[PDB]
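*Asks:* For reference, the chains in residue letters:
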Amino acid sequence: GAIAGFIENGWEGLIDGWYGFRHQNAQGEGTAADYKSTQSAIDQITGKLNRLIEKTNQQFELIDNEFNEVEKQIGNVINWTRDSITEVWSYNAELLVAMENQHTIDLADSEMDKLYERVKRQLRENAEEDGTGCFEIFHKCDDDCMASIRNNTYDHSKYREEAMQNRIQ
Amino acid sequence: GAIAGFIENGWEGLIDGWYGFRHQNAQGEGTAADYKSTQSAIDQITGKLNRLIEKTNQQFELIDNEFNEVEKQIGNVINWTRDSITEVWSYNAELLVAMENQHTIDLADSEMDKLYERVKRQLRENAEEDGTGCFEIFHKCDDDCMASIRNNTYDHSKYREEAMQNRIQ
Amino acid sequence: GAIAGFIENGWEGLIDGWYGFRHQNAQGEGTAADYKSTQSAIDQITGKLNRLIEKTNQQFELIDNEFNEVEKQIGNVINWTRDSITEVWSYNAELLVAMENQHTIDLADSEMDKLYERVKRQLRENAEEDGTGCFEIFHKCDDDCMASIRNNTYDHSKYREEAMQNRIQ
Amino acid sequence: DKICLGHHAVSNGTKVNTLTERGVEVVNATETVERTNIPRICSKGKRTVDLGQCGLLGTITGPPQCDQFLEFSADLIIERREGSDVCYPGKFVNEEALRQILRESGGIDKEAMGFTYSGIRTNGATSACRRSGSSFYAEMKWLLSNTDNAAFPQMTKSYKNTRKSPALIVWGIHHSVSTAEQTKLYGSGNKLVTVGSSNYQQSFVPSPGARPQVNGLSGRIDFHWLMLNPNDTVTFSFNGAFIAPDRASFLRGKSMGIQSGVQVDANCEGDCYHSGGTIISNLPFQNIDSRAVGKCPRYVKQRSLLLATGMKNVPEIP
Amino acid sequence: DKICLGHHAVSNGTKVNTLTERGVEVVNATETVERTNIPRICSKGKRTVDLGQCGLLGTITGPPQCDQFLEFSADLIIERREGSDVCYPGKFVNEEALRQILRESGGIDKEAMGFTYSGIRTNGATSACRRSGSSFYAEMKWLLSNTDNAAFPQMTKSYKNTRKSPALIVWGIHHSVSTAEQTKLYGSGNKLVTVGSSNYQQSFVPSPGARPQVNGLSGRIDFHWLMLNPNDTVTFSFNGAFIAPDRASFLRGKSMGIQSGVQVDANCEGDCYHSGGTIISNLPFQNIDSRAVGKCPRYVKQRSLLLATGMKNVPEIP
Amino acid sequence: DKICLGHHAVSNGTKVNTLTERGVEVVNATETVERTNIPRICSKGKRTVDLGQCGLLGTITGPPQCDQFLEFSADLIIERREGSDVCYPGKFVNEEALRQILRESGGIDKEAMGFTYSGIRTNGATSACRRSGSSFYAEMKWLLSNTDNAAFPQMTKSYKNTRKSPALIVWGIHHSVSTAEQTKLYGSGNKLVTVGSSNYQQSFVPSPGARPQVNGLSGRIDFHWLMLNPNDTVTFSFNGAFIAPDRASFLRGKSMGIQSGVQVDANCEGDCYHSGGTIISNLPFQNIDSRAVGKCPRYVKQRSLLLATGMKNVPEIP
Ligand SMILES: CC(=O)N[C@@H]1[C@@H](O[C@@H]2O[C@H](CO)[C@@H](O[C@@H]3O[C@H](CO)[C@H](O)[C@H](O[C@]4(C(=O)O)C[C@H](O)[C@@H](NC(C)=O)[C@H]([C@H](O)[C@H](O)CO)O4)[C@H]3O)[C@H](O)[C@H]2NC(C)=O)[C@@H](O)[C@@H](CO)O[C@H]1O
Ligand SMILES: CC(=O)N[C@@H]1[C@@H](O[C@@H]2O[C@H](CO)[C@@H](O[C@@H]3O[C@H](CO)[C@H](O)[C@H](O[C@]4(C(=O)O)C[C@H](O)[C@@H](NC(C)=O)[C@H]([C@H](O)[C@H](O)CO)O4)[C@H]3O)[C@H](O)[C@H]2NC(C)=O)[C@@H](O)[C@@H](CO)O[C@H]1O
Ligand SMILES: CC(=O)N[C@@H]1[C@@H](O[C@@H]2O[C@H](CO)[C@@H](O[C@@H]3O[C@H](CO)[C@H](O)[C@H](O[C@]4(C(=O)O)C[C@H](O)[C@@H](NC(C)=O)[C@H]([C@H](O)[C@H](O)CO)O4)[C@H]3O)[C@H](O)[C@H]2NC(C)=O)[C@@H](O)[C@@H](CO)O[C@H]1O
Ligand SMILES: *[C@@H]1O[C@H](CO)[C@@H](O[C@@H]2O[C@H](CO)[C@@H](O)[C@H](O)[C@H]2NC(C)=O)[C@H](O)[C@H]1NC(C)=O
Ligand SMILES: *[C@@H]1O[C@H](CO)[C@@H](O[C@@H]2O[C@H](CO)[C@@H](O)[C@H](O)[C@H]2NC(C)=O)[C@H](O)[C@H]1NC(C)=O
Ligand SMILES: *[C@@H]1O[C@H](CO)[C@@H](O[C@@H]2O[C@H](CO)[C@@H](O)[C@H](O)[C@H]2NC(C)=O)[C@H](O)[C@H]1NC(C)=O
Ligand SMILES: *[C@@H]1O[C@H](CO)[C@@H](O)[C@H](O)[C@H]1NC(C)=O
Ligand SMILES: *[C@@H]1O[C@H](CO)[C@@H](O)[C@H](O)[C@H]1NC(C)=O
Ligand SMILES: *[C@@H]1O[C@H](CO)[C@@H](O)[C@H](O)[C@H]1NC(C)=O
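Protein chains in written order, with PDB author numbering: chain B, 4 to 172; chain B', 4 to 172; chain B'', 4 to 172; chain A, 11 to 141, 143 to 158, 158A to 158B, 159 to 263, 265 to 276, 276A, 277 to 327; chain A', 11 to 141, 143 to 158, 158A to 158B, 159 to 263, 265 to 276, 276A, 277 to 327; chain A'', 11 to 141, 143 to 158, 158A to 158B, 159 to 263, 265 to 276, 276A, 277 to 327. A prime marks a further copy of an entry chain.
Hints in this document: simulated from the structure, not taken from any laboratory. Using N, Cα and C, we set each Cβ at its ideal position, and we do this for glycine too. One should not assume that every hint holds.
[What the hints assert, rightly or not] Partial list, computed: chain B' residues near chain A' (C-beta under 10 Å):
#  : residue
1  : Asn12
2  : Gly13
3  : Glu15
4  : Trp21
5  : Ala29
6  : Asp37
7  : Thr41
8  : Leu52
9  : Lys58
10 : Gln61
11 : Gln62
12 : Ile88
13 : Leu126
14 : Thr135
15 : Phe138
Kindly generate the complete structure, drawing on both the sequences and the hints.
*Replies:* Shown next as structure tokens:
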């Protein structure tokens, strides 16, 4: 009946954002999305999308004919050239997409890590990593305290005494 | 007479895997390979290899002649076109390999880091990083205990008292 | 009147290197550059630069004429071919630069992280992350001690008693 | 007590490809290769002419089919398969080069070259060019001897282009079904047609002989053309078997020509065309037609290349 | 007491290139550029003909060298440098275009065109085409006057393609060493050959004159060809200097032609060929021949491009 | 008390593009697309000839303008727009192919073909080729009948290439302004010129007729050429309207030809040229001219593509 983080699954309930928080305390279990990490990820992906929508100003016209077939030699030269550049663009397209998808996946993994690392630096010496991508908080953290972590207003100074006490015996 | 991790060398003795563990205790020094990290790395590299074996269905035929040389003008046009696309593929080949090798090296570095980070989260508060990519374990860890870490059956709860005691005075 | 690290700004005063240290103690505030991280970054960027200076041995000659325009059909075939490969190189150039710049930025971010992570492993249990990319040092670290960190001659064993004492009450 | 960091996921994951994996599921992806075709010619904004049964080269010489397009004006030009450049059986020399010129001409402006003739018939007509009765190319003049078998006088006609644009000049050589028929029209003896410019020089001889019957005719009229530079002059020297031009052609401006087999639509706006319709897409690639023309996404062999628009999808532990 | 995380390494490191470094050692790498050549023509699975001394165009007209290949059938076609299309000195007009057609023809099927002649000799033969004695092209007929200097009758021969495939029709024009020799063969006066189709129209004149001696002959026979559409007809009108066809050609199916100088091997199976052999490789690129044909890896200028198949190699601290 | 890790930054940040962002500021960047042009022809190290008013093809036939370049030698060859291949109005057949050959010839070596003539005039001259007085092409011989209207004897001239390099042979056909003028020069009746090799065969007929006046002349001399293989022979059979060669041409070695409109500079060293100057750059791309030739960076449509040579720039918190 525990909760788990990114290190061993995603959240099909996180429907209002890409990245988020899931806590549990005396008030119970809850889930909210983080804006800054989600927006960064979305900004970068849409950035790729715009970069591929940018149309070309090159206009191309007919050099052969599918009603009156051109002379054989010049026709085969044309077809040979067209199929050659078709091979090139097919290669380019395949590689571009494969390359971008590799990057899209990685930069998303980065954002997840940066979020996790941020929270860690917030909690200072008041928490420990449980291995599943979660933090065991060694003091009482009500809904108000949990919200304070999500909006970066958590001051570890307030709970450091109580926390360090519990972490040691 | 100490042992060292990835942060300052590789292991020419690690011959049964890409990534692994090296420990030392009362029973002595030992070295085993990690399956999950090694397999992941191998799966990705072979994945690249298959992606480059995928043959093209484009068949190309002769448009010139090396016995009876074609007309000069159309011949120079053909040669100019061929050398142009040759330049393109030579560029593509050079860049593709350079790009992939950069990725192969990085993703291997990632796997190493992920392994190191995993072990860290296992040992919790029972160990400290020595700087060479190793963990000083602040309790007694026999061969059985060392094997428990490698197969992720190590419970830090069992050693936390003994460990925290030694880390502080 | 505090100082801050990479996690929330750069240093316009760091004019003798790409990466560096900024400390403050009883002797005051100071700033020096790290050689190894800076050199690595510079070596990689210049490496890209050389990789793009490598000239081509392909020589190309005229296949048309801008004084006496060639025959229309063969002329349009030539122009169609040239504009096609121009499209390809324009694509290649655009993507190459975009791809390299993405990498240049990331590898620089990596170097910053590696430097931060290195210092962390040096200070062991004698310091805590303040969240801005800085380390609160829980013992007295004079200019001599600060220099010891920068050239990796800092021995955490010397300050561990004093440090662990201050971190706990 | 505990706070966890996570990321969203779906049970509705879609597979993409990367450098390493084939079929790695991501949360969300989109298509890069366009395959959606509009089986119409989106002509909104562009002045469009559907040549129908008129061949593009016919607009210059003027068979009955092209009588409407003798001085047409367009932004977009459409050729139809049923089209024909010819009434009296024949073909253009360097036909395709000329087509390519007319496809981006913006249409043509015609102007009388002002040739005048003396002891000679000009009313040459045929059954293959029916217009009310028998007729001939509207822009051309079929020159004959005078009565029958009579000698065709050596003639020399010249035309000067007093405009700032090149002039499209066209002329024909007539190949009779026999030397008998050639003599009946232009007289006995050998016949020669020389066409000289300041940048062009050619020569032509008729070639009487039996050909297969096209449009009930075994004779062939072959057409030749040149572009005449501004202030330059063409001179025609001939003594028979010569199809003379009556008017020259001047290109109106800029356009684009396609070959289509689907209807024209004037409501939709487009810029990429192929024989089967209009490609309207912001996608970078397409798998519809490799010979598509205009402003188009690049053609590729693949029917689909999915671009990840979301993170790697990882199902939640039940 | 202590556990360390590490990675393997070797003293046998191999250098590769990346975006930043040149010569960075990795644990293991593999080649992407193929350079291993098989100096044979791997013909297993493909029906193969080695034309040897027969030129590909000779299979149509039929000099002695090509008597075996008059109706050949193949999947793979090989031309040899020693090959020749000709016995009586001459060359094809638009020769290369025709070669390209025959290279992917799958071979040829021959069929009598059924031309019949009257007051005329057809047994024209030469020393250059020896077959037992003097002879001529197997598929052609060298037409003469009748006795000597006698007039050659104006003739008209036509052929209709009653098949569902285009017919390859070939004919020759004979250029005598002198107007004297031309008169002796076809009679005095000028000579004309006109060839008409429904899609083709041309005309030809002989050109008597002294040429250098090839095969002991200063005369030249030049060949012309066209593809005849199904249900279409060709008509030949001539009065001398005409080399008539006896049979037409029909393409059998699909094939591929190469020019090689190495032996044929029937045990090895291949799909990429060049003049020096067969390229069999799963590698994406090759540095063997830029003009390699078939299903081949792309040609590149580089002889080697190493792909890292292992991590960065870092030697162990001694 | 505290130690911080950081990176440098500037207020003088420069924007670049990546896979995701457009206009992301980095610390330092450099240009990849060259746009700096040197409006000269850097000819240092290369033997250079500025043809000026001599057309490249004129170096072979030899009008007055090209008298200096009849046997020129060069590493770099420059054509000028004012150049002309011709004195007596005319043009080369397959002119551009020939130009391309001469552009990389390294210059030409001329050698007498040793033609001798009998009952015939060879001193044909014109006002269009003034050299002191009226004259003709230096390397050619304008052959006439003898007196006026007199018959031109059938002749046969042959030349053998006894060198190890192909010989560039050129000859001309003269088209008189009228059949009257043709008769006055070469006599009555039809005229024929046949040119035979072991690899080449062609035939030519004059074409008398009125052309527009170029250089005060309505006559046209058209030039034909072939490459003669080592040990091979050319034979000329003719009876009038023939412009004979006096010398053959042999290519000196290797070179490169350009068309420029800017001065030559001998101090600067270059390797990439276009009509407007020299491109000297280590940059991979250029936006100067798509038709630039030599060893050049690739042409691209973009005027600028900035490559980041520094980290992402992040301003310091005030
Ligand atoms: C050639 C051939 O197939 N061999 C014949 C057979 O075929 C006949 O050939 C004749 C000769 O060409 C055909 O005569 C032509 O018929 C046309 C109708 O199909 C038409 O009537 C042609 O006359 C005109 C025309 O109307 O267009 C009359 C114009 O006034 C003329 N204009 C000028 C300026 O002269 C013009 C010219 O006479 C020619 O077109 C110039 O090329 O055309 C007319 O010439 C006849 O139609 C063919 N008929 C058939 C059934 O094939 C058979 O006659 C056969 C009978 O023994 O004999 C073969 O030799
Ligand atoms: C042209 C030339 O070099 N100038 C001559 C010199 O060269 C001789 O030229 C003659 C004329 O062409 C050559 O005669 C030819 O020799 C052939 C053998 O080499 C052969 O015998 C030719 O006869 C046949 C043939 O066997 O092929 C006979 C066939 O039956 C003919 N078939 C038909 C249908 O007619 C056929 C035709 O006669 C022609 O091939 C049609 O083009 O060919 C025969 O014509 C002679 O071989 C050349 N000899 C040499 C040594 O060069 C010298 O004779 C010189 C002597 O004064 O005179 C020059 O003018
Ligand atoms: C053709 C035309 O425009 N129609 C005429 C008008 O134009 C005249 O045409 C004549 C005929 O061509 C021109 O005569 C030529 O003038 C030249 C000077 O411009 C020159 O004098 C030509 O003579 C030489 C020459 O000097 O080059 C003399 C050489 O010795 C000859 N060499 C040889 C080997 O024969 C050579 C040949 O005679 C020809 O060049 C061979 O092609 O050229 C001379 O022929 C005359 O210049 C044109 N004048 C004008 C004003 O256009 C008018 O004469 C008009 C008057 O009624 O009649 C039209 O029919
Ligand atoms: C899945 O990806 C598609 C494609 O990027 C997203 O659809 C886009 O939505 C934005 C905003 O609504 C539009 O501007 C785009 O035009 C849409 N593209 C397409 C192809 O429809 C979609 O939003 C993504 N799914 C989710 C859940 O965000
Ligand atoms: C070094 O790299 C090569 C190339 O990937 C590896 O050789 C491959 O081995 C697998 C399995 O044995 C085969 O399926 C491939 O066909 C081999 N490729 C080649 C080119 O031989 C080799 O295994 C790698 N070295 C090590 C130690 O793993
Ligand atoms: C900004 O980038 C430019 C381009 O890399 C740097 O200028 C280079 O400096 C090195 C060493 O002085 C030279 O070898 C290169 O030729 C220079 N390139 C150019 C284009 O001038 C410059 O150093 C960078 N700025 C800083 C502050 O380092
Ligand atoms: C060019 O390619 C098209 C498409 O396959 C083909 O139909 C046509 O015949 C080719 N042209 C020639 C001259 O073979
Ligand atoms: C085409 O390139 C080949 C290879 O260098 C060369 O031998 C041939 O001469 C070229 N073709 C022409 C027409 O120059
Ligand atoms: C080739 O392109 C140039 C550059 O626009 C143009 O001037 C020229 O007319 C084109 N060639 C032909 C034959 O149209």
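*Asks:* Any hints from earlier that this structure breaks? Give me their numbers in increasing order, please.
*Replies:* none
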